[PDB]
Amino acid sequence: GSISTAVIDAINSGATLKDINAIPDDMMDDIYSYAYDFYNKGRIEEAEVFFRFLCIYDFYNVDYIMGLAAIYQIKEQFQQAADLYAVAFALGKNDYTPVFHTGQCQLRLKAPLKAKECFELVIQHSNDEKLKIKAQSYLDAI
């Protein structure tokens, strides 16, 4: 998957496609928009390929990671989704949306203590009042 690719790239430490500027920003932006065209039409399998392609080129991009994580959550691949949401959070320190979704995934993974920690982080640190209500509704049910 995307994470294994990132680690292999790191182990081998060779020239990556991004390191050589193999695809310009404008083209990457276009491909990202195409990925969501597929996604928005329910063509989740094509969208997944396009987001995997984006994540091979530039894994450390919050927008690419969040798109792929969303697909895995929809497909009920909850551990892969949680792992990617956690990457997205590390890259995007100030957005607690990936932490909220990690909590949802942890609940489906039968890990309520991890989920509780996620939802509590949202309540204590997010400035998104609507996200906080949603996190509290999950907390109330745990």
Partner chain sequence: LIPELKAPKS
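Rigid core: the largest C-alpha set superposing within 1.5 Å between the two forms. Shifts are known only where both forms have a C-alpha. Residue numbers count along the first chain shown, from 1. What changes on going to the form deposited with the partner chain bound:
In this overlay on the rigid core, residue 132 has a C-alpha that sits less than 2 Å away from its partner position between these two forms. Taking the rigid core as fixed, one finds a CA shift for residue 120 smaller than 2 Å between these two forms. Here residue 19 counts as shifted, since its C-alpha moves by at least 2 Å between these two forms after the core is aligned. Once the core is fitted, the segment that moves between these two forms, counting only runs of three or more residues with each CA displaced by at least 2 angstroms, is 2-22 alone.
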Second form
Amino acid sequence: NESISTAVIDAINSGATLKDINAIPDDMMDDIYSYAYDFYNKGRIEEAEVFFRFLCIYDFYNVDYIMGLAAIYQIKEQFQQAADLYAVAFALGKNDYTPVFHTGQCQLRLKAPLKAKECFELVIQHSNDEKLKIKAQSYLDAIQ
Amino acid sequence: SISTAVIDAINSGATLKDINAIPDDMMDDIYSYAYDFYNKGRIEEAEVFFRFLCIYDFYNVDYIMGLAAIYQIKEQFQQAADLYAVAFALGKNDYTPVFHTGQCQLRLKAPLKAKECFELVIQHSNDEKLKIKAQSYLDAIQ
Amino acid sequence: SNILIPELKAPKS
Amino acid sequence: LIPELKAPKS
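Structure of the form deposited with the partner chain bound, given the form solved without the partner chain:
So here's everything in the complex, that chain up top.
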């Protein structure tokens, strides 16, 4: 079985295309991230939306960027777009069940309680986040 | 890249999907995302998904095909051809990966290997529409 | 309908 | 209601 496994991995582990950030050094990204964050927590959503989009354009693979932009679309009730990014964060970010919990929130709002139900159940089987599991059973219970 | 719980999946023989108890219905939904984004030309997202799916299940021919199609579209012809070689070993009688390998070989400046791919298609495929293009490329290669 | 765009298996319908 | 972002500082 082993050389199929590694042939696959070898091909992906060279298909790593760019890291996106066009030699515009790291801790600079951080500062932009920090205002996006400060704009967001402050409720200046239009600015926070520009900053996160700008960061996601620069580095599509950073889960925090994707999660910030997804959170904005969520707050804006652009729920399909939020859920689309949360699926991306999930596929990038692989451990955390947060984007799956937030997708349940989105699917609820997209009139698909069935999908929503599956999300919160997944969080319940796989999360080890106590708080998140509570929230997730709460939603689950509420839509029975 | 980062997470080499991929090295454990390898020697032990399992897939990361199994190792992490990911539901089939979940994998299928990530697949549908990967498929839709791809058909929609949203190639950066589709690549994120197909990459995830290939990492979580290196034995899924459909995942391997998706990622190799993405690399073909992005002109990463060497990576596409390496994945098609794997997809062919897995599906081991679908000639679509062999055809698309012929297309990659042509772009890699290897018209002779491209020709033998296309010949292999004509010699063994039962797919008519695939043979038709294989035979066109073979005629065009002189 | 382009030959340079592979056509992927449709998700299980 | 409002999702909770990871706090800055790398």
